[PDB]
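Make the full structure from the sequences, and use the hints.
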Amino acid sequence: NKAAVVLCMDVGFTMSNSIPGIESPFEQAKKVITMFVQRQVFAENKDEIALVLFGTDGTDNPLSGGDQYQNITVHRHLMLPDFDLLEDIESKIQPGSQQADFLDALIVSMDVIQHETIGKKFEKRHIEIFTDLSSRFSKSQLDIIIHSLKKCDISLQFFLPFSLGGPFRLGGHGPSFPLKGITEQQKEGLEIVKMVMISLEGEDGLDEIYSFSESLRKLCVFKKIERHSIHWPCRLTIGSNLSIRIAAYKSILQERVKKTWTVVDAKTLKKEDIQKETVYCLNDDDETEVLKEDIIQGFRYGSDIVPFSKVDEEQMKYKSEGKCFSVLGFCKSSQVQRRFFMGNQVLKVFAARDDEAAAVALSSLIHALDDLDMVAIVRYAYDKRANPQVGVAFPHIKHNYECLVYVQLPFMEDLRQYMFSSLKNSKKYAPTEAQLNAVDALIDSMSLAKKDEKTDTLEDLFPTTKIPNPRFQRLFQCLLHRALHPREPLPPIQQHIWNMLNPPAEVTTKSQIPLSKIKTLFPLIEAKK
Amino acid sequence: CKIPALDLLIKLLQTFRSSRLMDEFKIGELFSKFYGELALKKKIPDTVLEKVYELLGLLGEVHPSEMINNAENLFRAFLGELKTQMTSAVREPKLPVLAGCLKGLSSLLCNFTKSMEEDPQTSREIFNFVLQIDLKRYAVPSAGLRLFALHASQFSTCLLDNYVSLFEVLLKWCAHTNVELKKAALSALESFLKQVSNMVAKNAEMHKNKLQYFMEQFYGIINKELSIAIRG
Amino acid sequence: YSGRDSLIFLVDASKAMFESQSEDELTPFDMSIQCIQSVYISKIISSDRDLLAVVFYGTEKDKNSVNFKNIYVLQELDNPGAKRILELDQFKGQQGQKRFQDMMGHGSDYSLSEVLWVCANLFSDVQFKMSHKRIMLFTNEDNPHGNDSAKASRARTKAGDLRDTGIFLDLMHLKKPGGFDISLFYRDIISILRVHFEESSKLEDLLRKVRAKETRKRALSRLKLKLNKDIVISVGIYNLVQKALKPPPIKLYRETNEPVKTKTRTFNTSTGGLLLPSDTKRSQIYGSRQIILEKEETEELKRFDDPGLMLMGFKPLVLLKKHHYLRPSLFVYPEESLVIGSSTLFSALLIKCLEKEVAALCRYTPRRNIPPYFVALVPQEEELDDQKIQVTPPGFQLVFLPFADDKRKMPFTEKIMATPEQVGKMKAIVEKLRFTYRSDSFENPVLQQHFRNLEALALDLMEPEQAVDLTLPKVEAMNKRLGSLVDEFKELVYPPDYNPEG
Amino acid sequence: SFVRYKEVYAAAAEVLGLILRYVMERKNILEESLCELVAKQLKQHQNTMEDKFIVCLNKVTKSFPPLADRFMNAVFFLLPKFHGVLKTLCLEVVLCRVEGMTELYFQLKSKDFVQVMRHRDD
Amino acid sequence: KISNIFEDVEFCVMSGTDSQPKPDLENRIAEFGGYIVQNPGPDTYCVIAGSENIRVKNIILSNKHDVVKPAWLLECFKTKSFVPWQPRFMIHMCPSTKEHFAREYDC
Amino acid sequence: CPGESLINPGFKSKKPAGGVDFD
Amino acid sequence: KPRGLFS
DNA sequence: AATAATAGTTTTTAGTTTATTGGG
DNA sequence: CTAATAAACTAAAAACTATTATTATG
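For the protein sequence lines, the chains are A, B, C, D, E, F and G, in the order given. Per our numbering, the very first residue in the first sequence carries number 1; after that it's consecutive. Per our numbering, the very first residue in the second sequence carries number 1; after that it's consecutive. Per our numbering, the very first residue in the third sequence carries number 1; after that it's consecutive. Per our numbering, the very first residue in the fourth sequence carries number 1; after that it's consecutive. Per our numbering, the very first residue in the fifth sequence carries number 1; after that it's consecutive. Per our numbering, the very first residue in the sixth sequence carries number 1; after that it's consecutive. Per our numbering, the very first residue in the seventh sequence carries number 1; after that it's consecutive.
To be clear, the hints were calculated from the coordinates, so they are not data collected in a lab. Some clues are possibly wrong.
Claimed, not checked - Within a straight-line C-alpha distance of at most 20 Å, the following computed PhoX-like cross-link-like pairs (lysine-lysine) qualify: (1) B/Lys41 - A/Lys267; (2) A/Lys398 - C/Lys322; (3) B/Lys11 - B/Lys26; (4) A/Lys510 - C/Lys322.
Laid out in structure tokens, this is it:
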């Protein structure tokens, strides 16, 4: 279903003035809208997007009247996002000398939503606000806005160039704004934003505020109009006397390309001009033509290849039942290693949804398996056209729900005997103690973990799994460029891609001296390519 | 398609060179056969097997319009792959065997086609300018020098530029081991001198290049250097 | 690469091979027949690339180049085809051995020096890099050549010289109502107690057809891990597990069995003539505009980093989620060819990351035309079995990390607890259903069925061998070890009238 | 034993075979232990591939025939493997053993003397 | 060849090992004009049945070909005349010989 | 060879598949 | 909980 | 008168074909 | 009021041994 998301973006000259050495809030906001809108148009999102702009010299809003709702220009109504949206983001977004109360723009864009949320189906109605919190304003409608939001079901977010609270990086790991360089106008705006969100959402109101930098390298940008992957409605079976329905889900699922490169002509730019055929012709006798069924299949057999059609195999091959998830037995959790984790997906499976008895049964599973340190062997079959597989099932407890994770297990044919040697047997390559201490000093200076103080948990200085694939970012960059600049070469790789790709270089500065220790203590020759 | 295929290709080659213009017109069918065979989307055969290009280069036939038109498609594909592989953008500024084979093809085909009546001339010129290293065998640069020597006139008005750069590249190529490089560079250089002499004879800007490039190098020259200046 | 395996098969042609203490048990000849058929099938499944031969002695009719009488060779060193299987199954069976006696000799004098000579010559005939020299005799008496002392001496001299040349002979215990004793003519002429009245020489496993397949010491890929930008480590990346499947359809002509050349061709719709690579443009029509592009920059977007590894840092293993698992884990072994001295470094870093339990997170690019992903490196130590043979290689188990867009969303689930009695109920259930794990006991029954079908049709059997579906529980013992636990847990959790479905 | 160039073991086998023809100038042999060492080296990493093996066997047996007895079958085994001058090397090696001539007719006919004697090389 | 009546009748020789080896059957059918193919072709009318295989079972599952025993073709050959189909060698026939059996008798 | 299948020495010795066996 | 341009 | 890239085998593998559900 | 989705299916590109012309010397 569609979503009626709108944008109430500050265009005032306050953010258009960049602080020397710090990226302008105007330009960071432009970066965020560009990245969101390219991820929206290229994915061809059906959710309707509109836009109003405050801090603008012009005023063409339906709520005019003077000193309120003024200096605010509504540009795009709720229709689909396109490349003309990119053009307007790049061209029409200009430093707006005029300033206005952002609350009036909020009410303008709410009226815009009400104008265009009708006549179209919608599973979500939304507004956000780009603001450096330094634009001229008067806090008058803020609580009126909170009430109007509660009465119109419209969600919000306020972005700042300022961080919420590592090398200084934009789109990477580290700071992206001075920690105390925010003006008192920005501080009072932050207090207003905080109170608005704690009145609207709740304790996650501080979990409601974010910034441009982490936007420029993460994909939460698409979390609440998001629709989860297709579930697996099936029934796990216990031997021959028990069976419970399931709603399986694939938590880890590597993202694929949505569109392949269609082979169009170079003379008319058409797939229609590109017609192809496969010619089965005997590899000898001047390529004697063979009918597409006169070619049949064989299989390799020892020192020969026996002709063996697929029909003879399928007419008796043991085929899977279909959507069936049959348990086989149980093994200890210590008997399974990550090397036996087969497949690319992670089946974050769940019991029968909306069946609280299934929830009780699943909780019993989680508790007893955790206490027994015990894993389950279940035969899995996606459907009848999918061959059966063996897999390991182990409990996975989240802070809000217990769950079971199913990962495919290997067969005997999967295993390969690849012999190696004993590294510790290498007395000629025994690690000298000084080298070991240099390695330890490096690792300590190279460690990417910080023990979170006043807690008991540990952090990672380079959390990567929470970051999307960097190739899609530059891929869409070049896609939009080539679309807009077919005559111009593809753009280079954005710096933020390196920043998100590179780890915190402060750890590297720590490791510098131990790096010298290692390179002095270890003889490492090189082979030329 | 293997060493037998390689030997077959060279045998047919030497057959065309030896026997020609007696029944070497029964090959247009075979020409189109090879044209479609290479035009196969599943083009497996190795770059060594690409001496077919010299085979595709044809001089034993009266050349009906058919292979004349097919030659344009040949040239576009060849310039495309030259651009692809010359640039290091494919992890290689390298062409293992394709470049010399294309040189031979164009040598046998440009004889009757593509003089300076069109822009794509200087387009195909751009590729040979980079000719860096050939690792002790030095086939491709000398091959390009020979190819230019054959169709130097096909490149006039786009060689009246960069007098020096072409001058020193000719000097270095003729001053390198594998003396075939030397003689190919000498032939390309003398063809270059022929063309520049004709054009400056027909340039009203004669005095310009005269006091600009010819007189200076001729005085500066004074092994074969002095002989080369004498020829110039 | 390492050499191949030479498996030499040689049976006696006499009455001892054709007789038993109980003829219901298949005679030594026929028993050797199912042994050779089974090992041929196993080799076809697993290692159908080496060379296998069949030769006879004792037969009064001989056929060999040396013209050694009573030494008749049947098949040269050959890969086992269906032809060999069928031509050995005709003599398979007690009726088949009578056919053998009729059309083939059985029972005559012979010298072991003769068979050693002919097998040495046959091994001399091969033209391949070689590693294994295995000769497998088939006889049920040790004496017959110890009877002739000169014959025994020359035979043992020849065998000793051959084993000096690496020719490795393995004794096969064979059933004999008189016995097949060792340390009488054996343990002094074989390179390596009971009178071996039985035939136990691992013949059980020789009859155990193996549905396995693995390559011969094949290198997957060797990479060079750059530390920061200049210090580089040569590493060998390998797997102890790799997906296997049925061989792909080998296309062949239905009228000649000849693989028909399958050449595809894109051609102009305007003309019908072939499309040149220039004629085709890459297009992805986003919105209303068709973005036209080409292959070189397409892969230059697919590729982003050089083949190698770019280290990110060190982190305790606790910083990874158990559900976080991108692609199946690999193993990393030190390599001392491109960078020498990295074995000392590998041992040092292995021990040090063992001490601090710090994983090596790394930006990894296997080759060109592939994005640099992020991988977790955990020290995978050497594990020695009972005989101190490394069952887990020393090195690093490399674990792969997904991305934010590479994780689908999970709808919120209720965490509704279960009473401790239910927990104990399933604890008893699982304790009844408890056993150990071993991956060699698990297979794909579909794949096994494929293998058996292909064999039996190539074997021209009236019926395919039936794959055992080990991916299905035994319901009898299941309900035996559940009993009242299932319905007790039901009434504890589920209403009796409300099944989990409907 | 070192093999980066043919010359190393070539000249080495030269001098060692000469030793074998001149240890006590053949008026005595008490350093037969040294000959055992060189024979073990012949086994040591030259009974696996055995290419330089035949070369050193050549050079030592030209000066000292009575050593190829330990490798008769070996040279019989590797003859079909070799096809170049290695064939002639093996042939002269077995030619040095007139003492080793007890019965080789069956060997050569089994080792297919026919092809090489038909194989016309001067 | 010598007898055109056995020509133009195509046999998918897949199993004939009862009393005479397969190559001899191939030679004799080549002499008498019956066409030979090793896998089911586009004009397959009859398939020889001499031994039980998985492929023979799959052919039995289909209804397109005649389960012919080699002794029947031997009788047709030594009598120098193709004989009409009658059930003493027959398991799975073709619809046309369903019509043939019907027009001569019942099953 | 210990730890190596006698059918294909150099390849790990194969034990028969057992499947599931409740205890 | 993100909302909007983070959705 | 010698050494040195170098194509010829396996190994995945990214797009491709089937359909099977999930809407609409 | 029509609609993703693995799966088996191809291609398809790259790594894995692996010999083998090639100057340098004459």
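Subject >> Given pair status - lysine 267 of chain A, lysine 41 of chain B, alpha carbons within 20 Å >> reply: 18 Å, holds
**OP:** Starting from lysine 11 of chain B, check that the Cα of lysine 26 of chain B is at most 20 Å away, please.
**Re:** 17 Å, holds
Subject >> Given pair status - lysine 322 of chain C, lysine 398 of chain A, alpha carbons within 20 Å >> reply: At roughly 11 Å apart (the allowed maximum being 20 Å), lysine 322 of chain C and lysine 398 of chain A satisfy the hint.
Original post:
Going straight from one Cα to the other, do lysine 510 of chain A and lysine 322 of chain C come out at no more than 20 Å?
Top reply: Given that 20 Å is the threshold and the Cα spacing comes to 30 Å, the pair is violated.
When held up to the earlier numbered hints, the structure conflicts with hint 4 and nothing else.
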